[PDB]
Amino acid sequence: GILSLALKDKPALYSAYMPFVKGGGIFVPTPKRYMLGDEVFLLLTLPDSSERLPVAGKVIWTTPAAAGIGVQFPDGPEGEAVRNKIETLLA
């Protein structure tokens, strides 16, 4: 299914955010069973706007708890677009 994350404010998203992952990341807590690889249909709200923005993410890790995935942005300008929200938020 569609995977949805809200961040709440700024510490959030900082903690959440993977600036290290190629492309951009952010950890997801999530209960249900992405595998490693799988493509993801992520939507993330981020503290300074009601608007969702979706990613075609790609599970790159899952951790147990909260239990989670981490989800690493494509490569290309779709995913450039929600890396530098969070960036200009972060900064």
Second form
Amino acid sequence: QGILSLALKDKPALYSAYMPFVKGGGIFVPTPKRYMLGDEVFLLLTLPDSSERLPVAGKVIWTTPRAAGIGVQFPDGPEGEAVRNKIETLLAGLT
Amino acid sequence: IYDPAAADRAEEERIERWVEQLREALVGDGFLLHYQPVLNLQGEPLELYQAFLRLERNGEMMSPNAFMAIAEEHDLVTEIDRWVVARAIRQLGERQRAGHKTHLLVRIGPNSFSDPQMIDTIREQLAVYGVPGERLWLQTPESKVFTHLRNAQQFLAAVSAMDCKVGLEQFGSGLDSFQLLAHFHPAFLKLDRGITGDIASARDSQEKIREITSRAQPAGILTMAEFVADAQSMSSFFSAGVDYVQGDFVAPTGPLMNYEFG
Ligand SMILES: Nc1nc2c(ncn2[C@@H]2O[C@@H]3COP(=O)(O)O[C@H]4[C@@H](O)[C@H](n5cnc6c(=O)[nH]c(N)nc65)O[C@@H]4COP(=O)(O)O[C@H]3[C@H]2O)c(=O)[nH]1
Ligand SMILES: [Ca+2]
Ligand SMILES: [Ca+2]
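Now show me the form deposited with its partner chain bound, since the one above was the form solved without its partner chain.
Whole complex next, starting from this chain.
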């Protein structure tokens, strides 16, 4: 599988994908592939109001067989807190 | 169109559904356990696994990292840990009835040390399933024993009298971590990943590990390493006299106890 990718077209797609109650934040990513809880994964995430691809080295905390996929918890480093901050600020309605 | 003010008001309600889902899992089989083999590095191996909690809802599987922040906020962690210990003992009964001498290592937090339900659950469940207490191993983080010492000491006496083993995880990162042990004598120590992760490359870590095992062995305390992911780590642990290893080099976590102990 290698590089997971998720582009969210709009704020409704973000609101629906985002896991606000996970420590450090998380996000649901579609993928047909088989992961185990606790796997380290690399994800490139694109958010509604920009073209910038944001790198996330996250951990699998959820598996589902709507879509097949995984819930990915953001890491606690500056890269994880950065992506959380950007998502939460977006979903607050902000510039 | 996304309405941010509406989303802000719906949050409180999203949290309430989660809490109810957790409370409902305290009753039945909505929680479950997966198992990670823990292998003896030095001689004939006990059939030992560590339990990991999951929550399952309609085929979806969740790590405690998905829900533990909610559980903490609603003071459900002690109930959840009681649930795991009860379930684990039930599993030991199931294994025993099929002819297996299985042991299980389970996590409990420091608020379980003064939980009268915990001690009762262990006694009552071991008797319901006819499981010898020696089959149940209970681990808590070193840092948390330090900050709850007197209740930890009382728990340790009560549970040790049932033949269960009580040990520490995330052990050894600290100046003389062996100094807690003057006040709390564990059956086993599981080394902090901060010490063991770079063991193949850092002599700083290699010294700390030999420091720990030279003090553990003469006291008859077992030592253990986790997140063991490569062979050079196995080699270093073996030479340092570490008793047990677990991690992806040995075996993944999974639903079944099908590991052939070697
Ligand atoms: N400990 C350990 N884990 C390994 C190892 N090899 C691979 N892993 C995986 O790596 C993750 C490490 O989490 P942790 O530090 O144990 O952190 C754990 C722990 O904080 C909590 N947790 C997991 N199981 C239990 C439990 O039975 N009781 C309690 N109270 N907490 C649990 O959930 C976190 C995530 O657990 P998982 O999603 O299962 O994901 C786990 C686990 O599946 C290993 O040698 N040792
Ligand atoms: Ca809010
Ligand atoms: Ca409670």
